[PDB]
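Trainee: The whole structure should be built from the sequences, with the hints applied where relevant.
There are 2 protein chains.
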Amino acid sequence: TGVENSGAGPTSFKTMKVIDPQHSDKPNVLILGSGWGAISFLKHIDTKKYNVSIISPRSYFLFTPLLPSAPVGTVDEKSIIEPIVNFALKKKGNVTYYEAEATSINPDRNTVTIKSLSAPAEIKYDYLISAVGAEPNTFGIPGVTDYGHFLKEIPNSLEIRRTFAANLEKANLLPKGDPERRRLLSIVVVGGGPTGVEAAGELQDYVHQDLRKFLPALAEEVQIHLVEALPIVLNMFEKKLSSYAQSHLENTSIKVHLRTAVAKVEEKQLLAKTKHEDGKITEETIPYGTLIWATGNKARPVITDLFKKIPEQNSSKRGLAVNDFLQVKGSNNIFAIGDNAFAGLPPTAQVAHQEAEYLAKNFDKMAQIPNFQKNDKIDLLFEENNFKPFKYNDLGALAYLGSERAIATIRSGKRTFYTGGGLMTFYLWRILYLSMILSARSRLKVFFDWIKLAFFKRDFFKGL
Amino acid sequence: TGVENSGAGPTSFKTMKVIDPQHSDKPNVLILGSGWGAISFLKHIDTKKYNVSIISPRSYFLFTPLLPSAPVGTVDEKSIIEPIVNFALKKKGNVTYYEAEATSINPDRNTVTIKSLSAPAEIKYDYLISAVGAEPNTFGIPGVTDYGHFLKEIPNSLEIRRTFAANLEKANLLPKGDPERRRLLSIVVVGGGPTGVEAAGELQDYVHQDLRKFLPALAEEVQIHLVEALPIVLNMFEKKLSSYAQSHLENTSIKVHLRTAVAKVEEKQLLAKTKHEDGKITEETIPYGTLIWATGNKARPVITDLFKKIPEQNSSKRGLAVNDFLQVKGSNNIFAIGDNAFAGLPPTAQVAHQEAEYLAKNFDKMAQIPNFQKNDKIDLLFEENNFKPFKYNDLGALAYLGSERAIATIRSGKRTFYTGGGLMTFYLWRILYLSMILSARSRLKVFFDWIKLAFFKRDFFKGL
Ligand SMILES: Cc1cc2nc3c(=O)[nH]c(=O)nc-3n(C[C@H](O)[C@H](O)[C@H](O)COP(=O)(O)OP(=O)(O)OC[C@H]3O[C@@H](n4cnc5c(N)ncnc54)[C@H](O)[C@@H]3O)c2cc1C
Ligand SMILES: Cc1cc2nc3c(=O)[nH]c(=O)nc-3n(C[C@H](O)[C@H](O)[C@H](O)COP(=O)(O)OP(=O)(O)OC[C@H]3O[C@@H](n4cnc5c(N)ncnc54)[C@H](O)[C@@H]3O)c2cc1C
Ligand SMILES: CO/C(=C\C(N)=O)[C@H](C)[C@H](/C=C/c1csc(-c2csc([C@@H](C)/C=C/C=C/C(C)C)n2)n1)OC
Ligand SMILES: CO/C(=C\C(N)=O)[C@H](C)[C@H](/C=C/c1csc(-c2csc([C@@H](C)/C=C\C=C\C(C)C)n2)n1)OC
Ligand SMILES: [Mg+2]
Ligand SMILES: [Mg+2]
Ligand SMILES: [Mg+2]
Ligand SMILES: [Mg+2]
Ligand SMILES: [Mg+2]
Ligand SMILES: [Mg+2]
Ligand SMILES: [Mg+2]
Ligand SMILES: [Mg+2]
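Residue numbers (PDB author numbering), protein chains in the order written: chain B, 28 to 146, 164 to 419, 425 to 513; chain A, 28 to 146, 164 to 419, 425 to 513.
There may be inaccurate statements among the hints.
As the list claims (entries may be wrong) - Label-pair distances were calculated between CB atoms; the ranges are:
id	chain 1	residue 1	chain 2	residue 2	range
1	B	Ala210	A	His71	25 to 35 Å
2	A	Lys361	B	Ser452	52 to 62 Å
3	A	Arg479	B	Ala210	35 to 45 Å
4	A	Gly221	B	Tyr441	15 to 25 Å
5	A	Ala261	B	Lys117	11 to 21 Å
Claimed, not checked - Capping the alpha-carbon separation at 20 Å, the derived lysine to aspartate or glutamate pairs in EDC-like fashion look like this:
id	chain 1	residue 1	chain 2	residue 2
6	B	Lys44	A	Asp428
7	A	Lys373	A	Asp428
8	A	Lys41	B	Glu213
9	B	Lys76	B	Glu401
10	A	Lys41	B	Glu264
Claimed, not checked - Residues from chain A shown here face chain B by an in silico Cβ test under 7 Å; the list is partial:
id	residue
11	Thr28
12	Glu104
13	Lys105
14	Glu213
15	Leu477
16	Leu502
17	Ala503
Since the hints were derived computationally from the structure, they do not count as laboratory data. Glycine is no exception: its CB is placed at the ideal position from the N, C-alpha and C atoms.
Mentor: Structure follows, in structure tokens:
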């Protein structure tokens, strides 16, 4: 259905841009999500030839690479989100955002089922764009999600402060010696990837740069462990850099735990195992005030539910396996991009950003084809008209290390433009992250956020 | 300290500045609150000759004038607050803040009982500076607390935005010609002092500027009413100005209800009554989605608690009555300033920023007279010393109106510098306010707020 006067998420709003007919003139494309995929895919697609619809529980778009800077308020949570709406005021034709969530996609009955928590109730789709993202992975390691914080989404950032704020508080009522005070003030990040390292760093920044400047008795006793399973951190960088980073984290009093896996999280301590290069399996408990879980990504119910309803997708695990034109293997009119598509690619923004932009332009290709105005094998039409299959141009990797330092690589093709570095690198990272932001609103807010951060402390209000 | 926690809540910070002999000879001074009076008094007290400690459940100062511009993201709630610590960090001597609330003042036992919501538990004092503010008042009109929203404190801003969004949301799923949609978009501000005005003003902005740019279907139907019991809005501005303000309010589509009083408040609607030129009371139902009740202050219960414990304050209705030396009539060592003090002046912030600065210089002027500590018309102690009493240098009256306009009136004694005006006044007004802000950080943040507003919309997130 998907008609007038229902109840999904209340920003089920329609923007009557151009002048269409009531007899359906265009294909109804329906996007799932409002993140990198869906916003990148929306940002380009020809709205004159297609009737774009978006289904997102979230009504803003998240510039994920600056999220780890939110909790301490290096950046404000607003300063890095954008409403979907503003990207639709930049589309010539017609859009509609339902503020709900996909639940079961019904591939052959040909709808996405939106049931919200803010109320049929399905939505007809001619084509489907499935960029819902991955949800983070605990590995069945018990205790996470009882006692952990995922660094995924804006609320997650608010939860992490409120927690750390509350510990800083409780902690400052105990006599200096007390171990408990020592515990409250400890931080465990679990995740050696960029996210974790950046959170790890951004906290330690705050503690050195801000906290001590008015309660130095606490600053000291703050401890920030960073825990990773593999031989070293930042594995996407060439060995020589990953080391400089690990140098600089420990330089900033970070307790890096390489080759270490979390077997279980209890309330106050997380039982860790370590397997050394001389294969010796040692144990260790790590007590924690605040636990951050910056690791992994698994598939979502919508998708793992879909796996069954498409014979080819029975045994895909990571995401939806996709052919070279990014359609679901097993379905005609259903596509998948970014973290929920299994392209055999890095699960990153860069990939999803390209993935979407290519698919966007291929949608302009198909409109020129009368053959696509109507018609269980599927790819055929993409060959008959000579469509380029998607190939990826991995552009390199940035990561921020703490107390004003960074490392990076940039590339195009086999060519490898640049690679830092230290305090210089920092200013590119800033200058570069700025440019990759998808809105002038957001960028000015972040810009102002860093200028403000020079003259003054971060804003660490627990109720805001 | 040490460990003096028993009543007082978490952010019990202490700055170990000067070297303190356990057994002290400096007097001990207590400031109740963290707003205009208290923070003004904190700023100008000599922290070397005295020892100052504070009690406030609120860990931040609030630039109360800008509050009404936060609910519609004209300005961020963080931009207008600044922490106590941040002020106390720029002092000479030892400051301490027990983040809690006074529950009982104990005049004849020299203590203030503090039961923090977050936890004996008395605090000892030589001198007491009672500056807790007043609370807002319902005049026992049934319904206000249930369905209404005060506009007194930061959380109230979030409460309103949340409310208004949820209605904008719920309304857009109903068809243009529904009553229930008309209602949800109705907005009644009760009380036409510059608050209710500026508020009403700043909403209509968001409707007229933000909302319409993406839902004119909703925007148009949004109605803002301003109810006021008196002949005119903004009585403290001179007669001719009150009419131009009202001209401009009504001319920006704001239904202004003079000589009108809210007899009661129900969920969907509020019954109001209006006395006419001819002295005949009519009735009326105003149905409403959002109810901002910005009218009249009343006596805090700690202040009312302390009316029974002093014979002079037995017939004290409005607030603690004080002499020309701002001292609680009937106590020696307690002082009341701000809206908890009934100094027969208006309950402005302007008053309190004077009431403080003055008392601080008094307090400093009690550092060349070594008899007070070797001490029934106890104001004579000051009169015989030849203490200049307190006099209010009324600096004026400001009020923003909506849609880029403002009214103003700077003066001193009689010598009136100015009285506008239009788009020029809005600019001055901005400038005056921006100057009167108490911290660099607040200022800058407020300054970048306004810039971002010219470039981009406002920020109306219902979870941030
Ligand atoms: C803290 C953090 C920092 C990162 N930093 C970087 C970086 O610096 N560089 C980099 O390349 N990558 C980074 N990433 C990874 C990158 O952001 C992701 O790979 C990218 O977000 C994938 O985009 P996507 O569109 O596939 O999914 P997302 O961007 O996650 O978008 C998924 C969207 O779908 C919505 N949604 C969820 N469930 C449903 C449902 N059932 N129905 C409808 N909609 C739904 C979500 O609200 C969201 O809008 C980071 C990730 C995190 C968590
Ligand atoms: C939205 C709004 C806008 C305004 N704009 C203006 C304006 O432009 N110009 C103007 O002159 N006036 C304005 N006012 C009025 C003016 O701000 C007040 O008269 C002024 O705040 C009084 O200051 P105060 O120090 O007496 O109390 P406040 O400034 O309210 O501060 C009182 C403090 O006491 C704390 N507190 C309360 N109870 C307790 C307790 N039991 N124990 C400990 N602490 C406690 C509070 O958290 C607060 O920090 C405005 C008021 C509002 C609500
Ligand atoms: C906006 O478009 C872009 C560049 C441009 N000049 O416009 C880029 C595509 C832009 C930047 C991408 C980018 C910057 S920096 C970075 C990065 C750092 S690290 C990483 C990968 C290798 C990490 C993946 C981790 C995955 C886990 C979930 C397992 N990617 N990606 O896309 C967001
Ligand atoms: C310039 O600095 C100041 C004093 C000084 N330097 O001595 C002031 C205290 C300054 C501004 C005060 C101000 C601005 S605008 C205003 C005012 C006049 S009137 C009013 C209404 C809102 C409040 C109460 C009215 C009560 C009855 C008269 C109805 N507000 N007062 O600090 C905030
Ligand atoms: Mg995203
Ligand atoms: Mg997406
Ligand atoms: Mg994702
Ligand atoms: Mg995805
Ligand atoms: Mg205040
Ligand atoms: Mg005060
Ligand atoms: Mg007050
Ligand atoms: Mg007061």
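Trainee: Going by Cβ atoms only, is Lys105/A closer than 7 Å to chain B?
Mentor: Interface hint status for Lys105/A: holds (5 Å vs cutoff 7 Å).
Trainee: With 7 Å as the cut and Cβ atoms as the points, is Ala503/A at the interface with chain B?
Mentor: This hint is violated: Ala503/A lies away from chain B, its Cβ roughly 11 Å from the closest one there, beyond 7 Å.
Trainee: Holds or violated: are the alpha carbons of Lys76/B and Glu401/B at most 20 Å from each other?
Mentor: Since the Cα atoms of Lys76/B and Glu401/B sit roughly 17 Å apart, the hinted pair holds (cutoff 20 Å).
Trainee: Within 11 to 21 Å: is that where the Cβ-Cβ distance between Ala261/A and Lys117/B falls?
Mentor: Holds: the Cβ-Cβ distance is about 20 Å, inside 11 to 21 Å.
Trainee: Okay, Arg479/A versus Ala210/B on CB: inside 35 to 45 Å?
Mentor: At 37 Å between Cβs, range holds.
Trainee: Between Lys41/A and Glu264/B, does the CA-CA distance stay at or below 20 Å?
Mentor: 17 Å, holds
Trainee: Are the Cα positions of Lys44/B and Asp428/A separated by 20 Å at most?
Mentor: 74 Å, violated
Trainee: Can you verify the interface hint for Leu477/A: is its Cβ closer than 7 Å to any Cβ in chain B?
Mentor: 24 Å, violated
Trainee: Given the hint that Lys373/A pairs with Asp428/A, test it: the Cα-Cα distance must not exceed 20 Å.
Mentor: Since the Cα atoms of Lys373/A and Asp428/A sit roughly 9 Å apart, the hinted pair holds (cutoff 20 Å).
Trainee: For the pair we were handed, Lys41/A and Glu213/B, check the Cα-Cα distance against 20 Å.
Mentor: Measuring from Cα to Cα gives roughly 12 Å; hence the hint holds.
Trainee: Go ahead and decide if the range 25 to 35 Å is satisfied by the Cβ distance of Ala210/B to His71/A.
Mentor: Cβ of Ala210/B to Cβ of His71/A: about 33 Å, so the range 25 to 35 Å holds.
Trainee: 15 to 25 Å was suggested as the range; check whether the CB atoms of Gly221/A and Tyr441/B agree with it.
Mentor: 52 Å, violated
Going down the numbered hints, you'll see the structure goes against 4, 6, 11, 15, 16 and 17, while the others check out.
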